[PDB]
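Undergrad: As a plain string of letters, each chain reads:
4 protein chains.
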Amino acid sequence: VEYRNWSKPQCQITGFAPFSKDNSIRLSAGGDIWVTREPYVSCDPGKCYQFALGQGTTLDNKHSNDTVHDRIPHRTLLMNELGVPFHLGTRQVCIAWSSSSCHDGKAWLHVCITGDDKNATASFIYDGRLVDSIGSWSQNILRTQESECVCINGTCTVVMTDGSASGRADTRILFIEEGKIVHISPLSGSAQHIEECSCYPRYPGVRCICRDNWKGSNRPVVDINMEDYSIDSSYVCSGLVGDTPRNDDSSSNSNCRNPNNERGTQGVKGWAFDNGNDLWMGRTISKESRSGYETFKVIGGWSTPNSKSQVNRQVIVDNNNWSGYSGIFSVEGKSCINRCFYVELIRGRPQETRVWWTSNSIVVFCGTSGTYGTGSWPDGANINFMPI
Amino acid sequence: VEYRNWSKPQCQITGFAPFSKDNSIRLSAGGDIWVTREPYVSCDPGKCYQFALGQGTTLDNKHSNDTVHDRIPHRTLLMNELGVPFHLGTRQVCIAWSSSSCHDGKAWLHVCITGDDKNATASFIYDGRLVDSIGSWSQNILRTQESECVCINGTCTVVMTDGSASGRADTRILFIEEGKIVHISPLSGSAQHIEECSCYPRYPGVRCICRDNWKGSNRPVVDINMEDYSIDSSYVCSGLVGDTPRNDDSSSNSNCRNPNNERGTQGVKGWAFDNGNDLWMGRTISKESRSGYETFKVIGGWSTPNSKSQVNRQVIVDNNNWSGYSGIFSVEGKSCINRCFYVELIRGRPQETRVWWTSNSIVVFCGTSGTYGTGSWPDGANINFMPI
Amino acid sequence: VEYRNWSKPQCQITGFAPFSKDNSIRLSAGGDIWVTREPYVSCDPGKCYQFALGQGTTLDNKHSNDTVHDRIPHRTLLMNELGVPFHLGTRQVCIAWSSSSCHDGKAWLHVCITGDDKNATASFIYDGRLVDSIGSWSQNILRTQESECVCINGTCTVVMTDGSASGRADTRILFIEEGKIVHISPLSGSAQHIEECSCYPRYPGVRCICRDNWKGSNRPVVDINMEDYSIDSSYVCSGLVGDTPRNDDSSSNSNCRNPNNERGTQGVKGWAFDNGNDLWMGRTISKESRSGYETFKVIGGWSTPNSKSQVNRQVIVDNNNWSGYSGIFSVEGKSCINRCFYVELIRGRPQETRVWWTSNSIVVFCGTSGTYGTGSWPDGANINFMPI
Amino acid sequence: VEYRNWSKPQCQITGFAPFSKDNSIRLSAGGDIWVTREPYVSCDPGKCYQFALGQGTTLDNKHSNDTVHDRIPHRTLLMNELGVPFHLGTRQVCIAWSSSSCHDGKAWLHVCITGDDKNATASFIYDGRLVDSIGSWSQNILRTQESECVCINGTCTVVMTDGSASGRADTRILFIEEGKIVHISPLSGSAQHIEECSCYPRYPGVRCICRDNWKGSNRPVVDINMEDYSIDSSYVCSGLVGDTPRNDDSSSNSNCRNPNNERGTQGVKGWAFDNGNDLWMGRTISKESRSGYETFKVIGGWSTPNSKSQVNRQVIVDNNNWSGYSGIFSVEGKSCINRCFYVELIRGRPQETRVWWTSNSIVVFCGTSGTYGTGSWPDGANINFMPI
Ligand SMILES: *[C@@H]1O[C@H](CO)[C@@H](O[C@@H]2O[C@H](CO)[C@@H](O[C@@H]3O[C@H](CO)[C@@H](O)[C@H](O[C@H]4O[C@H](CO)[C@@H](O)[C@H](O)[C@@H]4O)[C@@H]3O)[C@H](O)[C@H]2NC(C)=O)[C@H](O)[C@H]1NC(C)=O
Ligand SMILES: *[C@@H]1O[C@H](CO)[C@@H](O[C@@H]2O[C@H](CO)[C@@H](O[C@@H]3O[C@H](CO)[C@@H](O)[C@H](O[C@H]4O[C@H](CO)[C@@H](O)[C@H](O)[C@@H]4O)[C@@H]3O)[C@H](O)[C@H]2NC(C)=O)[C@H](O)[C@H]1NC(C)=O
Ligand SMILES: *[C@@H]1O[C@H](CO)[C@@H](O[C@@H]2O[C@H](CO)[C@@H](O[C@@H]3O[C@H](CO)[C@@H](O)[C@H](O[C@H]4O[C@H](CO)[C@@H](O)[C@H](O)[C@@H]4O)[C@@H]3O)[C@H](O)[C@H]2NC(C)=O)[C@H](O)[C@H]1NC(C)=O
Ligand SMILES: *[C@@H]1O[C@H](CO)[C@@H](O[C@@H]2O[C@H](CO)[C@@H](O[C@@H]3O[C@H](CO)[C@@H](O)[C@H](O[C@H]4O[C@H](CO)[C@@H](O)[C@H](O)[C@@H]4O)[C@@H]3O)[C@H](O)[C@H]2NC(C)=O)[C@H](O)[C@H]1NC(C)=O
Ligand SMILES: *[C@@H]1O[C@H](CO)[C@@H](O[C@@H]2O[C@H](CO)[C@@H](O)[C@H](O)[C@H]2NC(C)=O)[C@H](O)[C@H]1NC(C)=O
Ligand SMILES: *[C@@H]1O[C@H](CO)[C@@H](O[C@@H]2O[C@H](CO)[C@@H](O)[C@H](O)[C@H]2NC(C)=O)[C@H](O)[C@H]1NC(C)=O
Ligand SMILES: *[C@@H]1O[C@H](CO)[C@@H](O[C@@H]2O[C@H](CO)[C@@H](O)[C@H](O)[C@H]2NC(C)=O)[C@H](O)[C@H]1NC(C)=O
Ligand SMILES: CO[C@@H]([C@@H]1OC(C(=O)O)=C[C@H](NC(=N)N)[C@H]1NC(C)=O)[C@H](O)CO
Ligand SMILES: CO[C@@H]([C@@H]1OC(C(=O)O)=C[C@H](NC(=N)N)[C@H]1NC(C)=O)[C@H](O)CO
Ligand SMILES: CO[C@@H]([C@@H]1OC(C(=O)O)=C[C@H](NC(=N)N)[C@H]1NC(C)=O)[C@H](O)CO
Ligand SMILES: CO[C@@H]([C@@H]1OC(C(=O)O)=C[C@H](NC(=N)N)[C@H]1NC(C)=O)[C@H](O)CO
Ligand SMILES: *[C@@H]1O[C@H](CO)[C@@H](O)[C@H](O)[C@H]1NC(C)=O
Ligand SMILES: [Ca+2]
Ligand SMILES: [Ca+2]
Ligand SMILES: [Ca+2]
Ligand SMILES: [Ca+2]
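Chains as they are written, first to last, in the working numbering: chain A, 124 to 511; chain B, 124 to 511; chain C, 124 to 511; chain D, 124 to 511.
Any given hint could turn out to be false.
For chains that are exact copies, the list does not tell them apart, and a pair is met inside one copy or across any two.
Claimed, not checked - With a Cα cut of at most 27 Å, we get these calculated DSSO-like pairs of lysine-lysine:
{"#": "1", "residue 1": "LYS457", "residue 2": "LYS303"}
{"#": "2", "residue 1": "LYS420", "residue 2": "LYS241"}
{"#": "3", "residue 1": "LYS131", "residue 2": "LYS229"}
{"#": "4", "residue 1": "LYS431", "residue 2": "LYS229"}
{"#": "5", "residue 1": "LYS229", "residue 2": "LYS457"}
Worth flagging that the hints you see were computed from the coordinates, not collected in a lab.
The whole structure should be built from the sequences, with the hints applied where relevant.
TA: Printed below as a string of structure tokens:
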């Protein structure tokens, strides 16, 4: 087996087609299913896997109470084949309240963070064994992507942040070979706050669209040079911005370089990718809450500041339904690299108070060069039918 | 591994022998089992798999209420080794309220349809990745076989329909290579309505026996030429007709060419196959409801219009028990290709109203050249023992 | 992979050592576990599997009521790796209320009998496909070994009986190559009634120790010549007889040739094997009921009529606990063939009437050339703790 | 596949990083999970597995009552991939109330002890078959490591004891090749009582840190020469002793040679390993009970009698939480052999009497040459939420 290089052109897509749905919450009402959040998808050269951070409990279980909280020692990284719900036979791959995983063509890398808020540990597990670890450098919630890392020619890269959630933080980009950290680069460029990067291979480098939790409702961009380890960063050009919260479309802005200072505080993990001058992106339908999910192409959204002409919109989850995090993953085809995305469908607290837990299901779409119709694929559970 | 060509003669059979039974509904009364309908079977070169469309819920689960409905966003294609019940570790292969699957000798193809009735999307997944998609062409419930597609020399074919369920519709035959649609041929010939084809390899081509939901209780036949993509169609000759509803045997007719206009509206998915001038077929025992199931050979049933001489009858499910959809699948043996079939055993609504759900189990038989006895192999659940 | 020839000498054993226990009934009180009976064990060249006839239901399930009955259409052959309890993910390999399975070194053969008492069907499934079938020849409960068949050089043999349970019956020995019946030999010799043979390879032939349900509490022997298909039969010489019911040790007899007419009617499946002039055998401890289980070597038990000197006794299940069927299986070692056995531990009806079901667990022992101690390994469930 | 030689240098470590956690008890409150104790971890050349002794029952099950007891016939060795909780699909590998397992590079060896206290049997299972067995030599609870054995060049060694738990006993070191005992060496050296050895490869030999249940709160050391089968033994030099119970640090002693006679009776399974003159070790935080868990390096802890200079302490489980047994396992990396350890987290009786059962979960850490922070990773179940 050979290392992945991702050295094919990006598939020319017309939009996205339905790929997977796990129905986790509906099933939790009649079966033993893990409580999770922060899911993502990543594929080895043959097949795709779904990941999520468990809460060390199933849903119909008194331990599900108060699982809205982000970090406990019992959170572990769950990994199943895509479409297999997180049942009790699910393997816990490592201890983690923040994680990233990727396959370099030969084996899986998992980056797993756990421990005290002020002094966390990131473990690097490769081909089923612990190879390296690093401790918190800013003593303030060391944290990473919550989606797939990217490997080119045996070197994988992952973005990690330590420091304030609402101010200048310390972001670093790690380069990892067979689980061993070989280089660490500081963030450089004009992005002012970076969290939860959704990264994809863009040979010969890697590109990430992230979350600015401080001053921007426009999404930061991080560009990683795999050859000399140099880093650059900026903001997505599109005037149709990707974060939540954000201003409405008529009053949102981005200049490609700075956070827009428009309802910039807080945010949600999301994604986007460039195609020439244009941009494919997803976002919540609601500008204030994690409700609904839509994708579209912005004409000039990559190259033209404040561009707002969109086309090829698709509703993924209608605005009467809860969404959550979303992220990108890439899949190598015969002659091109396709882009896919997942969206987290969060149920329970804080939005739905009949129950005491917080969990999620997922829905997954992949780029297509063919044609498609319309629909909406929400979580689908009836909150009144759930164990509280 | 090589592409399948199915280039062996058809096995000479004397009837069918018991092969598999999953007992899904009996088990659902004491375990967490998926609610499903529209099951089918298909084998890779090594082993057989059972498929079905989940309802995004288990049976003992409040979400099982009102699962009689055909199309919701939460339906997904389930896939297990044949004989493994749909428990919570079952993989959901794609999002689908209509589907077909087949293995070309190298990898699995799944065709999965979901979304809005008037604007559905068909996804084509090959070797674990989304390769193509197509949108609705008549804006009226794009739909496909609900049984295995057939591949010869790396080209797979699947029959799809869009348009009226009770009038002229738009049926097309897709040719697919490694997940990519390479050609689409319109239906041609004298079949006037085509749904839910049960197809089998008949080298060098493919033959399908389908459901006419409009004017015929005789089953349409679709012949597919894999070399030039040409299509022909007609109706099964046998005067013992295969649809439900239908006239009783003394007053049923087929002329091989036209729908018989005998209780033609509505129908059920079924199968038949030719052996020279003769026909092997199955059908429900009841002529008006999906109750019981029988198989038999009709002498001259392939070649002689209105032939009604049967022999080698076998009861599969006695008429005091519910059946449902049925379909064919083919299995390559050492020197010949065998024909097998499955029967969907529907329990719950609308026929049994003590419970609020609709689900099924399955029973499976394979052609034999040996001898056999008699029996009946129904679902076997006691409706009074079930969670409602 | 090559066909098995079993052409190594038999292991010299000093007794048996603990190998496996599944604890099915204890687990059934807190988990979804199949109701089964008539288990057995068989190994491919790499690993062992446990088999049993399911009753189409789990134990904590209203359908478990009245599972004391032997034959219903919902019984299927279950197959797991040895030591994996029959949970809901268990594969049902075929439809069967009587079965036998074996691996020829290349693939599995399953012989599965189901259908009407007076007209049953045996299906032969090889390498995952139905290859042959045969119908009842005496119209009276066609039935087979309920333990492993034996294959030498690609030809597998299995013993089947059709006819009276309490009088002359029609026993036949089938020879099967890759699932295809190639020859059928009538029983010959002096055994007067043959059921439920426990067979083992004894190169160049196969030897079976069976159950006489008519006139003998001494066990019949069937010898199968794999080269010319000839059959011989007689009775185990040992004066310590293996069936239940039977006379006490002081008044039991066997002459090697005829049924002993000592509490001969009824019986239980059991096993024995020869070592030179001596005999290793197991049996219930109770002479009248399926209670307890013991193994020992009878000096001259193979060659000397009415021999009663035993040595190397081991209690497997003490007499205060229920047992049931037992059978032999053989395992190829580096330089010899080992013999192992399982015993079925029956719980519920008819002996324990607090509950309405009948099920079993298993315990498994293997021949050893080493040393060992003592113990008792019964089912271990508390009938008062069970769902009724 | 080749035999393991473990012929690489030991990894230089700075401490330990989080590796795995199974959350067994939390999950048991909402799912069917095995009752277990005496867990351990061992890896084949590709991946790691978790083992434990089941109690033949799930936790939410009336049979979980009184599972504090050490030895019943229903205990079996469970084996899952590391991180997969012991659900109902878990394989029971053999019958055992004491065990050890290891992989020699080609196949798994399991050593399984069961039966009567005064006459137990040890079974040796290699590559899925029973190869050897040995009976009790002192008629007083034959028992072994409860952690991984170690194989070099096709010879596996395991430490077994028979005799008094509180006085002179009979300890022997077995040498095993493909499951067959080829040599047995008596314990030699100055260790006066040996139980539950935690062994690791230290090419060309094997080293074990054990439990003295009689006179020492310092841990015995056993050195095994794999070339001539010679044995040596002594006690860990460190004045910071590893057993529980023990004296406080100010008044604890070890002279490297004799048991210290400081709260020597009783004990708990634990581990340590050498790095030059220094010692890495773990122990409960409490000196009297199985509460808390800490690791640290003792400068001169291997070579300097009574050394008490520690550095690089890490809390693994804070002292407000229950621990239990702990043990070492070794993982071969690209250029070195790493050392890892697991901690058993015991819940229920005798410490927590709200419930009537005794079970455990596990947490697992691996050596790292990188950096790390702080935390505590206890079982995490709320005893008040548990089925009693
Ligand atoms: C059947 O399905 C197809 C495919 O999904 C669908 O065609 C699509 O329709 C949408 C909506 O009209 C198109 O996307 C739009 O493109 C225009 C530019 O041409 C944009 O202006 C639109 O954005 C505005 O309107 C949106 C609401 O529709 C707002 O949310 C947004 O803020 C803007 O105000 C939007 O991007 C899309 O291009 C086509 N896709 C293709 C491939 O043609 C079709 O309509 C469906 N038919 C029915 C009747 O369901
Ligand atoms: C033991 O099992 C065997 C094998 O299943 C069984 O033999 C079969 O019997 C049936 C019924 O007699 C045969 O099928 C019939 O064939 C005749 C032509 O020879 C047809 O006329 C029959 O059709 C008419 O009758 C049917 C009801 O039986 C009606 O439903 C139908 O509409 C027609 O009116 C029917 O097809 C079959 O050929 C044999 N099979 C073989 C291989 O011989 C046997 O009877 C069983 N024995 C017992 C006592 O159970
Ligand atoms: C520790 O375990 C060992 C191994 O299990 C055990 O040694 C065995 O003891 C039994 C019982 O004494 C021996 O089997 C006996 O052999 C004699 C002939 O030498 C027979 O006469 C015995 O049969 C008679 O007695 C039986 C009851 O014991 C009756 O059931 C039977 O009907 C006969 O009347 C019996 O076969 C066996 O040979 C040894 N095994 C070996 C290898 O030595 C030992 O006793 C155990 N120690 C203790 C004290 O538990
Ligand atoms: C963030 O995490 C890091 C890494 O875990 C942590 O650094 C570690 O701190 C501990 C505690 O200070 C160090 O271990 C100590 O080393 C000294 C020798 O230098 C020993 O004397 C200590 O033992 C004494 O004190 C213990 C209590 O701390 C007693 O239990 C013991 O009996 C002795 O009296 C102890 O071994 C360790 O070396 C460092 N690790 C590294 C690699 O630097 C750091 O403190 C954390 N920061 C915060 C604010 O949480
Ligand atoms: C399944 O859902 C149905 C429909 O919601 C439930 O029956 C309804 O109950 C409401 C309120 O009690 C009535 O007003 C409706 O008339 C009922 N609908 C029908 C068509 O009868 C039913 O209770 C649910 N079943 C279960 C087991 O919860
Ligand atoms: C198992 O089934 C039997 C038979 O139905 C049940 O026993 C019967 O219960 C019915 C219904 O109340 C009574 O009318 C009969 O008198 C009973 N028959 C006998 C033979 O006593 C039994 O209750 C069922 N067991 C369980 C646990 O449901
Ligand atoms: C677990 O088993 C114990 C022992 O049988 C049960 O406690 C006993 O209950 C009996 C009957 O009331 C008393 O007479 C004994 O004194 C109790 N034993 C002890 C040690 O207290 C207990 O009820 C069982 N637990 C559960 C949850 O069923
Ligand atoms: C603390 O909040 C951060 C993360 O935010 C959220 C959320 O749903 O918004 C979920 C995460 N949950 C987990 N990954 N477990 C957080 N991240 C962490 C490390 O808590 C945020 O990005 C600010 O730094
Ligand atoms: C709408 O009815 C169609 C299908 O019919 C039925 C039925 O049990 O008859 C089940 C399917 N259920 C699913 N495949 N989910 C339907 N087909 C669809 C696509 O709904 C029919 O063939 C007429 O067009
Ligand atoms: C009818 O009884 C026969 C079989 O006996 C028994 C038993 O526990 O004794 C279990 C079987 N149960 C199943 N195998 N299912 C039977 N065999 C059959 C075919 O019923 C007996 O050997 C006489 O013929
Ligand atoms: C009897 O106690 C021994 C073992 O003790 C412990 C314990 O938690 O301390 C658990 C074991 N439980 C199991 N291994 N099942 C015991 N060992 C046995 C064989 O009982 C001890 O080391 C003294 O000899
Ligand atoms: C869940 O925990 C909360 C907070 O501690 C408490 O207020 C509430 O009563 C609990 N709810 C349930 C369902 O037990
Ligand atoms: Ca923001
Ligand atoms: Ca019709
Ligand atoms: Ca008898
Ligand atoms: Ca001690």
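Undergrad: Look at each hint and say if it fits the structure.
TA: Going through the hints against the structure:
Taking the shortest alpha-carbon separations for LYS457 and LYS303, only the inter-copy value of 11 Å comes in at or below 27 Å, while the best intra-copy value is 31 Å. For the identical chains of this complex, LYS420 and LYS241 are inter-copy neighbours only, at 24 Å across copies versus 41 Å inside a copy, given an alpha-carbon limit of 27 Å. Taking identical chains as interchangeable, the C-alpha atoms of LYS131 and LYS229 lie at most 27 Å apart whether they share a chain (19 Å) or sit on different chains (23 Å). Taking the closest pair of Cα atoms, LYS431 and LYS229 never come within 27 Å of each other, the shortest separation being 42 Å inside a single copy and 45 Å across copies.
Taking the shortest alpha-carbon separations for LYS229 and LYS457, both the intra-copy value of 19 Å and the inter-copy value of 15 Å come in at or below 27 Å.
Hint compliance for this structure: hint 4 alone is broken.
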